[PDB]
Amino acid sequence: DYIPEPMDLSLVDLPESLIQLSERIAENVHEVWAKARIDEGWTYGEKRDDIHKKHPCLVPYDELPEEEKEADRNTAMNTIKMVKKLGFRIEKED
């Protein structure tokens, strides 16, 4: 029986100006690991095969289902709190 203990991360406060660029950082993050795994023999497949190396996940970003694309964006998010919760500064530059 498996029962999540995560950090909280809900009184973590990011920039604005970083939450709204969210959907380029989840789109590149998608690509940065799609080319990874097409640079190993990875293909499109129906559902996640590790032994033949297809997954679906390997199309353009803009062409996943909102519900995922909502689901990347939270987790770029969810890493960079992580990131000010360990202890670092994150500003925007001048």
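Here, rigid core means the biggest group of C-alpha atoms that superpose within 1.5 Å across both forms. Residue numbers count along the first chain shown, from 1. Compared with the form deposited in another entry:
Residue displacement note: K35 has its CA displaced by under 2 Å between these two forms (rigid core superposed). Core-superposed comparison between these two forms: the CA of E63 stays below a 2 Å shift.
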Contents of the next structure:
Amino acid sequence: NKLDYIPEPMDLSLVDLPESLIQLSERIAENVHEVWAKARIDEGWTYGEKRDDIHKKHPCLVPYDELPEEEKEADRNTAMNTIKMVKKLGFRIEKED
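Moving on from the form deposited in one PDB entry, please list the structure of the form deposited in another entry.
Partners and other molecules have been left off, which leaves just the chain.
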């Protein structure tokens, strides 16, 4: 092996987010996916049952609801980790009156 890289993510296990926000994690993940998909469809990518760099085919190029549950969980957790980092970095997150 040539490269010796060990990822060390920040410990966000004890960062608490409003329950109201976590209740919306699907809403956030869905929009993240829409942004992702629009960027790939604008580059000529299309849906295909196997990923393919040469023919620009991706299986995840579907509406968010049609994704496998495993893939939605990923998207929801990515979203929550990105926000937990905001809180870890010293910002308050509060639902507006």
